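Student: Given next are the chains, with one letter for each unit.
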Amino acid sequence: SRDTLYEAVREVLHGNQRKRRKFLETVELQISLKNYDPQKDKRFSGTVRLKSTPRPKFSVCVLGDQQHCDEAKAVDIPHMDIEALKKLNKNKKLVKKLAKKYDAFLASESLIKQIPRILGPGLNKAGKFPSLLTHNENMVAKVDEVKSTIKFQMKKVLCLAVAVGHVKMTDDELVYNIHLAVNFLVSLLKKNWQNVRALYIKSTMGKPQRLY
Amino acid sequence: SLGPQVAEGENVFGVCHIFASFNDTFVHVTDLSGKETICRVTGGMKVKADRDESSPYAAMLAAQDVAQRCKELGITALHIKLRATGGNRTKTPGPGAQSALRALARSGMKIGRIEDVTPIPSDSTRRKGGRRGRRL
Amino acid sequence: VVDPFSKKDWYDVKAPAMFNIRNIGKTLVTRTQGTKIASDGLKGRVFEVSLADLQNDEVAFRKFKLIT
RNA sequence: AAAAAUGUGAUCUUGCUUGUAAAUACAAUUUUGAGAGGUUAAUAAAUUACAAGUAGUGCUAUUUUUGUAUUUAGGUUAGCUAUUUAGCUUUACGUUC
RNA sequence: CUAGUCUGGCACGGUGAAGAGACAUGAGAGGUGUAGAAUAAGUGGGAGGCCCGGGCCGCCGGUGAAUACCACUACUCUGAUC
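Residue numbers (the entry's author numbering), protein chains in the order written: chain K, 6 to 217; chain PP, 16 to 151; chain CC, 21 to 88.
Hints in this document: simulated from the structure, not taken from any laboratory.
Where a beta carbon is used, it is the ideal one built from N, C-alpha and C, also for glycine.
Any given hint might turn out to be false.
Over the 10 Å line for every Cβ pair with chain CC, so calculated as not near, a few chain PP residues [to be verified]:
#1 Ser-16
#2 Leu-76
#3 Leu-116
Coverage of chain PP stretches by chain CC, computed from C-beta distances (three or more under 8 Å per stretch; other residues unrestricted) [claimed, not checked]:
#4 41-48
#5 60-69
Work the whole structure out from these sequences, hints included.
Tutor: Structure follows, in structure tokens:
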């Protein structure tokens, strides 16, 4: 399952063909998935950790009550302890909005003794299901998920996605994370009979045009 | 085995070399030329007793089983070239000539040109058996 | 594990302009297989055909031959 | 009937592949027409507590009255003899149970 | 044990035509579980962006994963190859 190279992955100084839109484009990485079963427990999912800002940002909630309350005040979000857990239970049903007022969540390690009951087919069918196969812990991962760290999930119908920078971002933010999102997205390996085929470039919007 | 023909006015012709010596029955359907072979069967295939393999019933048991396998490829008409042992031995045909030919007139086939095709000489090598005869 | 009267396709035969009826009959040969062709072997038959069936109403005793 | 809900981060347990462990003939039929060689050479099937992985499902719980309900109780194939009274086939209606 | 004799391989030792394949690189078609006004292929898609002061496919009602433009694999037929 081996690529290496690092020969001279300079030369994105023809990359104006990526950004044609008015807004800023979310530059990406995605290899097509050979060597893979749908339903099984052939668990191909670590949680690769980058260095500098690809910026995955969605509205995070801290459901932790030991060291997860103290060390999740560094990002500085008005903490809500027992009326954050009670808000999702029968409060806003007849009022037209859903009872959440959240987006992201914690795969519970601080409240691991209060975890095993209801929450199954609301989050799971949606695919916003909080795990530690993708840094949903919200304490030291509140300074990494919102800004730095990343994953590649496991599921039935055979799919992938992962970031490195943007097109705000400059040549410092394009190539030095490409060095850490290739070593670390190669060693992560089942003696996979080389899905090492070709690893494609990507942004926010379009049609086919290939690279390695 | 499906020959393309006009469904309501054409029968596919052929020829059968009917060998008829006294000690065995033979029937042998071939093409117009005679070169290939489609449906061959003897009296020996049917009956099992050395003395009665060429008998008129051991000549009729073969001819029905020609026309069974001769009606599944789908042939209707046939030319004929009968025999008798011949050469420098008997030229009168054997007891598998009419009971082999009249059987296929009842078993779903048409009859066309008939003749003899014995071997006959202009003259011959000396014949087996003595000057003094075959005593019995 | 085989049926021998599949590998046989029905072709046609002809006669020259000097005799009356054009269509004699049919003949069967194997396909292009191993190393032998279906138009190489099919080039030297003899059809010992009469005259009556070749014409409208003749004396039938004469015969003929017509090689490919 | 009515299921509200405080309810191990609003409900719920049901999908599936596998290990041991425990239950499958009248007379047959083929065989071996034969007291036995070969009632061969088929079969089916069949259920579950645990060990890694899924279609599906993300795996805990107080109560009130329940049906005032007795911890909710009995029955039938009802067959006919003569005009009603009177009598009484365990369900043969191949015959007997 | 062995000189000779028989047999295989490997080198000197190259060109063309046709028969039948493997196996790939560059293309054109190529998608109807229920359901949705509409042939349900998979993911980060995503309320957004192209041209020629304006349009359009959509957000929307909805099924257990939604129409623009960056990426090619599961899967099925097409034929030319330095």
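Student: Could you let me know if the closest chain CC CB is still more than 10 Å away from the CB of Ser-16/PP?
Tutor: 5 Å, violated
Student: Is the nearest Cβ of chain CC still more than 10 Å from the Cβ of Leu-76/PP?
Tutor: Holds: least Cβ distance 23 Å, greater than 10 Å.
Student: Has the stretch 60-69 of chain PP got at least three residues whose CB is nearer than 8 Å to a CB belonging to chain CC?
Tutor: violated (count 0)
Student: Is it correct that the beta-carbon of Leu-116/PP has no partner in chain CC closer than or equal to 10 Å?
Tutor: 19 Å, holds
Student: Go check the stretch 41-48 of chain PP versus chain CC for me, would you? Three or more residues, Cβ under 8 Å, otherwise it fails.
Tutor: holds (count 3)
In this structure, the hints that do not hold are numbers 1 and 5, in rising order.
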